[PDB]
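Accompanying notes for the structure given below.
Right, chain A next:
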Amino acid sequence: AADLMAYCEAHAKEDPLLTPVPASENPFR
Partner candidate 1 sequence: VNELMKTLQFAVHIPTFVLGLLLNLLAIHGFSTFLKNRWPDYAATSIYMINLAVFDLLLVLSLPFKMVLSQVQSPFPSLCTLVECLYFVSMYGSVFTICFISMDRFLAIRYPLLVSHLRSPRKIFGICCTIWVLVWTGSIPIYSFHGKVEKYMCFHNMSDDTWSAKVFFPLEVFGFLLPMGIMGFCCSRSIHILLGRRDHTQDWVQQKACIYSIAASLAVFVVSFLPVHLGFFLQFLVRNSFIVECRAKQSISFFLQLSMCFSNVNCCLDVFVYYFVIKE
Partner candidate 2 sequence: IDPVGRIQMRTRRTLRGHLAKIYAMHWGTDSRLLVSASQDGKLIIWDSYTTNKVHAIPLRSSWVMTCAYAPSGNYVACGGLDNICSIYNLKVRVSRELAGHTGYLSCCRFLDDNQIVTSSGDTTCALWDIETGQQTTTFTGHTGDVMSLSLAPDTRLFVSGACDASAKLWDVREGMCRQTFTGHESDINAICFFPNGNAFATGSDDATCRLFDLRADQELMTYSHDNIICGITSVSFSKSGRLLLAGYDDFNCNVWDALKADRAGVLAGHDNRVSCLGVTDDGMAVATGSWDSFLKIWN
C-alpha cells in the first residue's frame, strides 16, 4: 500500500511510459 506509493514516487524518473522522453534518450523515436 504505502510502500507501493513510495516505490512509485522514488522510481518515477526511470519510466519512459509515465514520462515519455524526447528523441535525445528515446531509441524508438
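The working rule: contacts are C-beta pairs under 8 Å (C-beta built on N, C-alpha and C of every residue); 3 or more make two chains touch, one makes a residue touch a chain; residues count from 1.
In picking the candidates, the idea was that all candidates are chains of the complex that A comes from, given by their letters.
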| item | value |
| --- | --- |
| Pick from 1 or 2, the complex member that touches chain A | 2 |
| Interface residues, chain A side, partner candidate 2 - complex | 1, 3-5, 7-8, 11-12, 14-18, 20, 26-29 |
